[PDB]
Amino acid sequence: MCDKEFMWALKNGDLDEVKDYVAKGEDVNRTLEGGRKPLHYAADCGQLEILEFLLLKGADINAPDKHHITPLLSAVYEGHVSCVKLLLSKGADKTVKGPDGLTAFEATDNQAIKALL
């Protein structure tokens, strides 16, 4: 068990492997070796099922990574509409500014995400 495989599981949708790490003692809020938290890796790659599992285990929906980026901003940057919907419906702060100074509204050009914000 190592962080490198944990980050891969969150990125690639391996929910069972993510459940393995958590059941074996992993903290769903710990910033991994890559500089991001589990929610950041799941939201960046649009893993909707992992996002749900992480929040139910107590993951901070607004926690930043090492680059002042929230899980909501990470999902917006790659246009994961369903992930934006789930994070917003769970109370994600839409007013946080990214590392470039723009909020989730100003950072995206996809108007479908802009409507939900």
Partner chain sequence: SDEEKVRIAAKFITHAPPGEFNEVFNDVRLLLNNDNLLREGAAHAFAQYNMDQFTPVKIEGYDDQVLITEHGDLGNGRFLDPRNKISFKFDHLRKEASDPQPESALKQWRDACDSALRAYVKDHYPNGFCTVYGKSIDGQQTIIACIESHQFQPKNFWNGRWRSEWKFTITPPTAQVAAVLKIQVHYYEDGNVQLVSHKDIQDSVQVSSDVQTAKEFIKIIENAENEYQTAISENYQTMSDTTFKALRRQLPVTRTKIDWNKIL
Contents of the next structure:
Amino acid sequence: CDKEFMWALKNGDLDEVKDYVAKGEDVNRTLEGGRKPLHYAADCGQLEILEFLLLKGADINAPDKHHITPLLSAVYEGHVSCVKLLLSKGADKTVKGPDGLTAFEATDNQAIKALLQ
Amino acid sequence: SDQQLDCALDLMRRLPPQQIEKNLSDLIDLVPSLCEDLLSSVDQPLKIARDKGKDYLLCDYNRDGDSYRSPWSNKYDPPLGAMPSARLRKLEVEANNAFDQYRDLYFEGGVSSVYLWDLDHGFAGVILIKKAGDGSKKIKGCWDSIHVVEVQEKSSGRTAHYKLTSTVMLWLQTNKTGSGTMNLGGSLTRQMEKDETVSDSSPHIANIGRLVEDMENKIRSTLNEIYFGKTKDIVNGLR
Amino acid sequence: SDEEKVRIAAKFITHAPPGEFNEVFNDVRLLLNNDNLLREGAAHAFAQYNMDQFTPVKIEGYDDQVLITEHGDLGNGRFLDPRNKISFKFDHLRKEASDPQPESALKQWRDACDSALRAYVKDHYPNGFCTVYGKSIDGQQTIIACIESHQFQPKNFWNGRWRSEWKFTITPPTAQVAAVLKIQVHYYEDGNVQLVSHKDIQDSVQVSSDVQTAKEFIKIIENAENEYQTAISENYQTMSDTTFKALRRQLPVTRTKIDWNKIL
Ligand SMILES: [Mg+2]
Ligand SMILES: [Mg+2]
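What I would like now is the form solved in complex with its partner chain, since the data block earlier showed the form deposited without its partner chain; can you produce it?
Following is the full complex, with the preceding chain placed first.
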């Protein structure tokens, strides 16, 4: 049942993600895969899923088992609009990833680097 | 019936790839003569069984009779059976534990199963990975990969010869307002042959996994082009 | 059993890819090995495939190709060409037309919708064919527009076909629209993959004259089939960067390949 929630998060089926959380699930619980619902959404550039998880009370700075923040996850995969929303919602851009680098130091994306300034 | 099996295989390559189970069953009811020859030649989706406590995948290389041996408990779920040698079974557990991480790092889920069997001058193994995208009415999909490796030792054992044959079955279905229902199904098969050194810092499993990883990365690249590029251009050519 | 071997053989022929009917018929013939069971048992299957695939056929001396559809079935082994008001024998195995003979109430609207549809098909499809029917279904005046477009390139190891069926049920002053669009693509140059896509459409349109309603029908067909094709290409991109990744990624989350002696 954890994988099907992960499948809805990655593909952005907001209706399924809405039911799972409405049934009493924790938007901050690390799934068996090793990431929190914010990670799977930001990893796939799901802007509409990030907005829902955020106003539902998810920790915008929580790391996964890879020590990757939801902001760093979107930066690694090059999701510009997701980096824009996370920064606007207060994501801490000073956190270093598992390589000791901030989001600004870990990407060559000029669009993403401009947002991180 | 050598030309009968030819038309039977030529029929499965042309039928909708999401109905292989019933087509092959209808195909065997039509001609029961080639019942055993077809099942050993037609690519079928991987079936899942429970150890009864992880899941494990069923195939012919881990089967003896009508029973299936689990790669975790090392016992057939229908109790009996053909067992691996104590030295090979030990190497098999390391293979399952190695490819269980490979499954998590590249698929973030699904089920994996590894089975080995001793030949004569070496051993051969099968790597089974199954990733299904259930739990959504709008987006579905599944990924089945079947790897068969043949290891051949060379004299002192510092270098060995590997022979890899992999098949990846890929299915996707979307139900959206604009594009309606879109269904993609099919497969792809590749063969490999290479020899690498076998030191203590790179055992057999480190060589087998290094060839399965590079192969699946190559197959994925070809699948992305024939699924979402080639068929797209054909659609736009129709209009 | 022998009623079950033709039922299996008919189903296999029904699900043949576009442009691969002949190769599937031979595999079925050499498998059933009962040529008379196949000809009278699966006769309906050969007619079912051609009618479902909107098979275009060239009639001698009439130039414009006509589609074999369920709406053209006259119930006597013959098919109707509403453009040149004739009927003809059609052999579903050879896909040949023969024995033409001439062949009502809703005839003017069919001529109008046909004239508008032909120009639409020419402006949007390369080798496209169309056929418009006018008939009554359950006491309701109905206009049926059908579109077909295929590309058969076995030398390049791929085939495709587009189908469109538009049903306009005239209930003045309105007309209930029910449509289905279908695409089937088979690619086997390297590997093997088949696309199966469909879309159901329900709309409404106010009728007026035979000409104003005809161009308003084609307008609905044009806007819907434009969105269908455009949304398919946009969905192909989504399946490339998202749906495929949700099955297997290009790289791990760490974005580095696996250190294999760090696992053992
Ligand atoms: Mg840099
Ligand atoms: Mg065009």
